[PDB]
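What follows is one chain in structure tokens, specifically the form deposited without the ligand.
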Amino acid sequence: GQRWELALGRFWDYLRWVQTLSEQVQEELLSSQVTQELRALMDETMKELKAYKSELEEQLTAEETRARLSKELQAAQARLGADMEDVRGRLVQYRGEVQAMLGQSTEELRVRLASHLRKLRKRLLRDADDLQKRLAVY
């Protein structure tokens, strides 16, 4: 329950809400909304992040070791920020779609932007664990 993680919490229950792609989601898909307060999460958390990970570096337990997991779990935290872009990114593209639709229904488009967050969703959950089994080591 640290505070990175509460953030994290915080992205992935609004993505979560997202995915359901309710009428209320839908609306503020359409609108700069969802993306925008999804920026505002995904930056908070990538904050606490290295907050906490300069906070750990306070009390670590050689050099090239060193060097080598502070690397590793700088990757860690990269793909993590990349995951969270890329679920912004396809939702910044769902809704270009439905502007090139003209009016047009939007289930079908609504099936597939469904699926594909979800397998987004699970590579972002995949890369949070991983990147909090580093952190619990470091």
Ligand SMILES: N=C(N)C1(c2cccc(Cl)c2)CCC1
The other form holds:
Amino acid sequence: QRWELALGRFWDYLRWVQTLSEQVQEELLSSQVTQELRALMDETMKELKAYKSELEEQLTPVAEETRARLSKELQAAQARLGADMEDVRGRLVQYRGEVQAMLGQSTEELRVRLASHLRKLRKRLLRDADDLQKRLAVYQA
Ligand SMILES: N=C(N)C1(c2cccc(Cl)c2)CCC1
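Could you give the coordinates for the form solved in complex with the ligand, as opposed to the form deposited without the ligand above?
Everything in the complex follows now, all chains and molecules, and the chain you saw is the first one.
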């Protein structure tokens, strides 16, 4: 699906950031990483919204209160994914500021802690994406 390809581009970019390789460390001190992640996030959410809209052209008819609940649950799962991606962006903005405040000192232990926290944020984003995919897969029925 288009939205899954978009999310995959976000996910591959963030897997690269997770390596904290030399070029990642460079781009993390500019706005480049968080700006490129915002663009990838925005594209994912836009495709998600269009996909839901197109699914609603091919629904199995059910009771109005049942359809309304399923649409609400799907809306909340979309919001969770967007919030996860923002949490990742925000944590990398925080890293930038904490490095500046070190005034040139070693960032090795900042990066160890960032790597650890990024792993947890990414586990959360992955489980929310899998839950959203499952909900979309049964939505039309
Ligand atoms: N095949 C998957 N598990 C999906 C996926 C793909 C890439 C990255 C992520 Cl986080 C999730 C597609 C929606 C769930």
